Amino acid sequence: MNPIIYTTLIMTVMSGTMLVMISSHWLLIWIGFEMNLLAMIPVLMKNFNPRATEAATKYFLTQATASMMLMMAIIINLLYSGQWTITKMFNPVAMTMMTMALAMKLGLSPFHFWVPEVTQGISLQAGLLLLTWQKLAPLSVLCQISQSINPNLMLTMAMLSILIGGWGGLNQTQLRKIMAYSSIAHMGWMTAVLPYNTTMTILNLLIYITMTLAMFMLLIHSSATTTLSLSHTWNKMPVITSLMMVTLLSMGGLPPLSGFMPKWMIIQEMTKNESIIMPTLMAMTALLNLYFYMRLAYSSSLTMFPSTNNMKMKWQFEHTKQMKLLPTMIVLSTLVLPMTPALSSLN
Amino acid sequence: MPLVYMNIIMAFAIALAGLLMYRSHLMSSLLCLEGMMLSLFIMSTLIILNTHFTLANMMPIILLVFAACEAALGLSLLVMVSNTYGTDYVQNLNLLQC
Amino acid sequence: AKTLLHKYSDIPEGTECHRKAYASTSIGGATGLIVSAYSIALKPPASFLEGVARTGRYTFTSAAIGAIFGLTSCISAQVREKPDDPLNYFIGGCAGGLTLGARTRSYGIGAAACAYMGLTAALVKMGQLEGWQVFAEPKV
Amino acid sequence: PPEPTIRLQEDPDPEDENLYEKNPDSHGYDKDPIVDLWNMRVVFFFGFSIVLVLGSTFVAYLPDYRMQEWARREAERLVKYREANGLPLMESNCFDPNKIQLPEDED
Amino acid sequence: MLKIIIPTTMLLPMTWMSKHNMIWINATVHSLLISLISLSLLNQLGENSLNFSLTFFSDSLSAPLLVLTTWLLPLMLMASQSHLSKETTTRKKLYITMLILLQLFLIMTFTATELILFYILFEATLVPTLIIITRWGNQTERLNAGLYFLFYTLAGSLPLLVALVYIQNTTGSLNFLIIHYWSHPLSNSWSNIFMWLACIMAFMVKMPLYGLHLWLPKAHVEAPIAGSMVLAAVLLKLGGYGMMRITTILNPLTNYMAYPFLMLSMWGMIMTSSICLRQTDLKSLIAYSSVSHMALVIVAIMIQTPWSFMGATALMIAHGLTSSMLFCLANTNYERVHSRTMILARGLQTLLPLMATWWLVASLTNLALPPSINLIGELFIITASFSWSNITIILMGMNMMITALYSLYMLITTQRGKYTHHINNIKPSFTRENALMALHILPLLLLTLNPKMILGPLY
Amino acid sequence: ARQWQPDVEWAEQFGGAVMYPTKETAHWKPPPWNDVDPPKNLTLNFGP
Amino acid sequence: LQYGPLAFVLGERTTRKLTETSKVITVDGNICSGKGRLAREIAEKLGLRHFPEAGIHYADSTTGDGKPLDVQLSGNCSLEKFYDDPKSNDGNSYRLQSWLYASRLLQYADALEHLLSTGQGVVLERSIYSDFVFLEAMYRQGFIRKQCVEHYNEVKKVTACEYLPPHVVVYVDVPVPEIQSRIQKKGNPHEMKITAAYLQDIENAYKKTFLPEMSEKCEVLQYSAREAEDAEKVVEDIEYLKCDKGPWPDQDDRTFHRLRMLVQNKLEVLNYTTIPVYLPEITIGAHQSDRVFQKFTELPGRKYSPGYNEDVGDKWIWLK
Amino acid sequence: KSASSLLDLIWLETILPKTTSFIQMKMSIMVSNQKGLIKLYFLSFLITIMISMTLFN
Ligand SMILES: CCCCCCCCCCCCCCCCC[C@@H](O)O[C@H](CO[C@H](O)CCCCCCCCCCCCCCC)COP(=O)(O)OCC[N+](C)(C)C
Ligand SMILES: CCCCCCCCCCCCCCCCC[C@@H](O)O[C@H](CO[C@H](O)CCCCCCCCCCCCCCC)COP(=O)(O)OCC[N+](C)(C)C
Ligand SMILES: CCCCCCCC/C=C\CCCCCCCC(=O)O[C@H](COC(=O)CCCCCCC/C=C/CCCCCCCC)COP(=O)(O)OCCN
Ligand SMILES: Nc1ncnc2c1ncn2[C@@H]1O[C@H](COP(=O)(O)OP(=O)(O)O)[C@@H](O)[C@H]1O
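Residue numbers (the working numbering), protein chains in the order written: chain Y, 1 to 347; chain U, 1001 to 1098; chain R, 2001 to 2140; chain V, 3001 to 3107; chain E, 4001 to 4459; chain W, 5001 to 5048; chain F, 6001 to 6320; chain D, 7001 to 7057.
Calculated from the structure, these hints are not laboratory results. Treat the hints with care, since some could be wrong.
[As the list claims (entries may be wrong)] Here are the simulated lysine-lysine pairs, DSSO-like style, with alpha carbons at most 30 Å apart:
id, chain 1, residue 1, chain 2, residue 2
1, Y, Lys236, F, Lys6315
2, E, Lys4019, V, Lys3031
3, Y, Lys321, F, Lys6315
4, E, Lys4452, V, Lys3022
5, R, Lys2139, R, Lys2082
6, F, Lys6157, Y, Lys236
7, W, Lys5023, D, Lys7001
[Stated by the list, open to error] The following residues of chain U were derived to be distant from chain Y, with all beta-carbon distances above 12 Å:
id, residue
8, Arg1023
9, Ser1024
10, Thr1051
Beta carbons: idealized from backbone N, C-alpha and C, even for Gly.
Chain Y on its own, in the form it takes in the complex:
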């Protein structure tokens, strides 16, 4: 599309998220969600093909249903208390419907079904934006009303999200579906600490955002969307495959990498409130995410797959467009474990 139009749409998405974040009125939060949804669709349909249109319409359906449920919860909360301010929810299942609407917006289980579909349909840049920036507003709203959640429902949905992401990532060959299931699992990890510490939720969100940005921008640099297509990258850019494998190891939660920091902290926080069984189950389930990350690493850098004759020509050319923030993203997603106590900055 026109670069001016694309810039305007991106700024409108950001402005909707910011309106959700800075407002104290429920109607304004709903308006910000509506603005973000309105400006998001053409970004998902930049490259015109039937798959992109299908993904966009699925995303629109899910987000519109979530917005209607959110407004319904707001209306019930207003009925049982003449309050518009975003505070304690003041009521039963009105809060349940608010939690369900925010879970559908975030993609938490059992409302996770749209994430792999939309991520596979859209391109890599649209997937990057969808899996990174579209989590800030619902997570902020959840953090604001985190004193109101029913811990049983939130913890059940978080555990279901972790289990579903771990199990669904095992069966995937397409990279975008792998990213979607990884996002589902990481959201499950994020929302299981909301009742206890929102600071840990924000730290996990920051780490996941950095790691996902590095992952998606590496995938964009080596333009592959499939496991076998990614298996050809070693014959042109071995350093990209090595950085990709290190990033994948970080995403698996392996110490001393950065991806270990959130889970660790979360587990610690969870043991401060006499919760022992659920952190253990969460770690045993994250082992599955680690397994399919390790399989991708095997196919990517640790082994040399067969190539094609035409690749020789690609040896004579260089990438014209370069991402400036990729080295910083890789370093941040890999080597900031020693700086853990800085989480006191209430990130």
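Once you have looked at the hints, place chains U, R, V, E, W, F and D with the ligands on chain Y.
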């Protein structure tokens, strides 16, 4: 909590269930969304008028406006989907599978 | 809801075997119906009759498993004269696993179910004794 | 079946190269004779001459920080004292009972 | 402690800035110098410890392991020099970088005044080992091996982390000194039973225990020679160090809980020693021998007596050196024959006499011939277990007999008899290999002169 | 003499639509290399 | 200021550069026909830029220095081997065909980039369109298998679905006995071995498929040997006709911007020429791939980016 | 026969690693096998909403 509010919430729940059944005709999904919107408008209007929240009289109109815009967007999407297949059948969108 | 949990937990472990069996059967039927609903929603097998047959099969299997587990767990606890012992729950769980295997007609699955259920039931009894919280309320 | 019976374009598996044919006195370190000889020399000098001998001499003559001779002399002076006064060598109680306050049972 | 850590870190820029044909020389020289520096830690005291700072402390349990870890790197470089000849300079530098990172992680792990830092480095050792196994392994099974070597470990270690943080929520600290000085008895409760299991199984999977030993033959057979050496010599001892450090808070629950693991180890040493008798693979045989020896070390740690701890320390050091030497010998055979099967290359004493002498010495020291430190550890553990129960002596005697049997079987099958006729590519042994075996074996016979240097903090 | 590296047969395991093909998912086909699928004016007669 | 969204936003619009003489033309003909002469004369008379027919080392002429690289580092195939042993065991024929198609794709991208950036028209020999005819002939003569043509069709679809076809297609029609005579007179020993059936198959694939398919979206000027001699008549025919049936008239500023961003960044142009479909003729194993890539890296000015090669003579490296 | 093949190569392998692989593979096949029909997903969402409304209060 009176009975008219219960009836309106029951209408909202029925519209949501109809949206979630998905027999065919994505247009029916859009219709269910608009029915849920109408229920929300009616009940918010009743709550605001009953308690004489004078300023909150802005809220219904706004809602309406925004939601109607959503409908337009949805309609547009439907057209493009039809422009690929000629019909708005739900089962035609099976190219993506989890 | 928690009504079935209260009904099962209120009865003493070593007394009223039939009441415990009934509560366990009710819980098993509920979870079987829920699983059948999930399966039907995700996968419509062929038709209404096949769907209701699958629902009945799943529900009666789960109800039988719950019944067998409850009777064995209660009978073992009563005869051994040592209430609040996870070993009885293990045996009850083991018996339940065996009946599932007999239903599905596989020695391996039956054997596998017996070992796993025995472990899960013992863990649940241990958590009841020690007050382990699966869903911990926010403390600090 | 017009297939070439070749799955792909593969280099033939090379034969192992012997360091003794191109260089007798090969030491098994490198193909370059100078780098080979100097690798052998540095390995031998820093492994056998420096670490194995000087480190062994250093460990052998480590000062008595475990206090073995100190403990022996302490024991000799203590037993000399106790034999002289007739005290019954080592006591059964490590800590004197008068400084311990037992809890009275009164059962 | 930084006087050892900083040079190890500086090994990386020096390796990456070295000339294309001077990486091995520089790495070997500076690793040997770092080992000479690390020798200073052996001057311990009968008092508490060598507490350098709030982060790192030394002990006469930590010091021998640190010295062995530093000494192993030059040998690993010398053995890897052979099969990496046809490799690009960047990949050789990456291999050396992996080795240096492994050494740094082990050095920081063995001091580790705090338990969470110990856990972080104890798992940090995983990544370089996994990369080395799955990148520079020869066969197609290496990938599978790597998976095993990873997941087993994590299956034991993720619960431990939970337990660790739980302890810090109750005790208030995880410092080793505060943990020892403020230790309180563990009540016999189900919660305490599962805390014991979580604290223990992470280290018991790394020894490994007899029931959990499946990953070890795969990882040892599939890894390159340096990977095999670092796995058999140091990485197996991390579990023993962890159990020795963590059993302080587990008393008196250890008395009841130790029975299943004692039975598993006492029967598994016999089982694995018998397995060694029928083996068509040299590396698999050496791996199963390692399993048997670490089963004995597990028995020693579980019995929890001063003689048990001294014998266990001595046996870990001795087994590390001996197993590394055995793997090196098998690798020297493989680099000539390219098969790694015991029965194919025969009668090698006639063709390589000095290598046969090295084989004989390695087999003798694996067979626990007195007064070698192998025998010292074996005998101390046996005496402590006899004091524990007089019926253990039957199992230990059986293990000794089978150990002698399979050690001499491995020696006779490869060195004695008639040479294979068609195998004609057996060149004379290089100076590098003979120097490698000499540098493996001389420290053992020097340490038998001063056993108290490797007898641990309970000496 | 040489380190083993994956061949065509090994690589073809990862070329399916999903991992672990089943009887139900055997008929699934990988998506196109570019995310584009084949797409697969009226007349009026004004008479008297 | 390298071209991108910023340049388009500020001033850079390519519609104002079009001055009704761009008119990309491709000249097609059989083997040993005088299509190159006609293309050169057309380019000279109409003031356009001529593109010589893409060969094995066309890509080498555009990167680094223009000198061609080694055959094993660039193409891994030879036309002389195809002429000698068209049924060779190592699958050289389809490797040659695929490399030549990819070279034509790169050349078409370069020509489109020049047309869109300068406005000056271009003249081309056989393009990505009509490249299939050789493939077709190679299939009927038994030189290549059906899997080869299936892979070619997949790659051709995915690649060529992104470009605008040429404005005018010029065809030079010559009978088979005549170019057999011309081939004999040429003097190339490898060209003497071309059979009459192969040339007949090429000519049949041209007329049966290429001209009818280009007729509904391009304008075709069928010419014989005699009336292709005079380029004045050809140029007069080019100038008289006006193109209003192809996809060019409906293009606008944003479509041109997308096409210009696509034709730049040749790595994305060649993206689908290496799809992970394993045909024994073209697939290369890990060990040979590693060795050949390492050899390519050891080339003088190829280890680093074009401006960061000290051995070639680049200075001020530490401040770039 | 017993120590090497029966226990080490078969049963110790059957218990921990092989059973885990089998269970995880079966669960992955079950979870990931969705035909992409929003009808089934929406019905499941409705069932979940009803279950949560009837269970968590
Ligand atoms: C080839 C055939 C033989 C030819 C040579 C003939 C000569 C033979 C003599 C050699 C052996 C025969 C035995 C003679 C023994 C004399 C030496 C012995 O008495 O000294 C020992 C000393 O040896 C050392 O204690 C042991 C060596 C140190 C071991 C460290 C290894 C070196 C570091 C390299 C890296 C380590 C890798 C392994 C990690 C742990 C014991 O000393 P100690 O009774 O106490 O007190 C010494 C004096 N004090 C009282 C002042 C302190
Ligand atoms: C796979 C290769 C080996 C892997 C590692 C194996 C080692 C782990 C084995 C764990 C050791 C035993 C666990 C618990 C030991 C407690 C002692 C108990 O067994 O004895 C009786 C306990 O009675 C019964 O055993 C009760 C438990 C029965 C249920 C446990 C399952 C039994 C077999 C399961 C083994 C499967 C292990 C692997 C799981 C995947 C004593 O009766 P009681 O006085 O009342 O209890 C005393 C403890 N109190 C005081 C805290 C209450
Ligand atoms: C090599 C692979 C083997 C895998 C290792 C398995 C052994 C580890 C044990 C299983 C996990 C338990 C982790 C416990 C973490 C320590 C924390 C703790 O002990 O605190 C207890 C917590 O105890 C528990 O909650 C235990 C519940 C266990 C739930 C998960 C069970 C996992 C499967 C267990 C069956 C296997 C048992 C033997 C395994 C041996 C290895 C094969 C007290 O809880 P609170 O409520 O805070 O105390 C107040 C009331 N007194
Ligand atoms: N697609 C192709 N496949 C195989 N060979 C080709 C292909 N395209 C061109 N060639 C070869 O390029 C050579 C030059 O073509 P031609 O037009 O006959 O000569 P000239 O350049 O003198 O006009 C010819 O020998 C022809 O075979």
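Hints and how they fare:
The suggested pairing of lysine 236 of chain Y with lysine 6315 of chain F holds, with an alpha-carbon distance near 26 Å, which does not exceed 30 Å. Taking the CA atoms of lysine 4019 of chain E and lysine 3031 of chain V, the gap is near 16 Å; set against the 30 Å cutoff, the hint holds. The suggested pairing of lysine 321 of chain Y with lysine 6315 of chain F holds, with an alpha-carbon distance near 24 Å, which does not exceed 30 Å. With a C-alpha separation of about 49 Å, the suggested pair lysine 4452 of chain E and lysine 3022 of chain V falls outside the 30 Å cut-off, and the hint is violated.
With a CA separation close to 35 Å, the supplied pair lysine 2139 of chain R and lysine 2082 of chain R exceeds the 30 Å bound. Distance check on the hinted pair: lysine 6157 of chain F and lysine 236 of chain Y sit about 24 Å apart at the alpha-carbon level, within 30 Å; holds. Note on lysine 5023 of chain W and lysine 7001 of chain D: the hinted pairing is violated, with a Cα-Cα distance of about 37 Å set against a maximum of 30 Å. Residue-level check passed: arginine 1023 of chain U sits 15 Å from the nearest beta carbon of chain Y, beyond 12 Å.
With a closest Cβ-Cβ approach of about 14 Å to chain Y, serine 1024 of chain U is found to remain outside the 12 Å limit, as its non-interface label requires. Non-interface call for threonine 1051 of chain U relative to chain Y: violated, since the shortest CB-CB distance, roughly 6 Å, does not exceed 12 Å.
Violated hints, in rising order: 4, 5, 7 and 10; the structure is consistent with all others.
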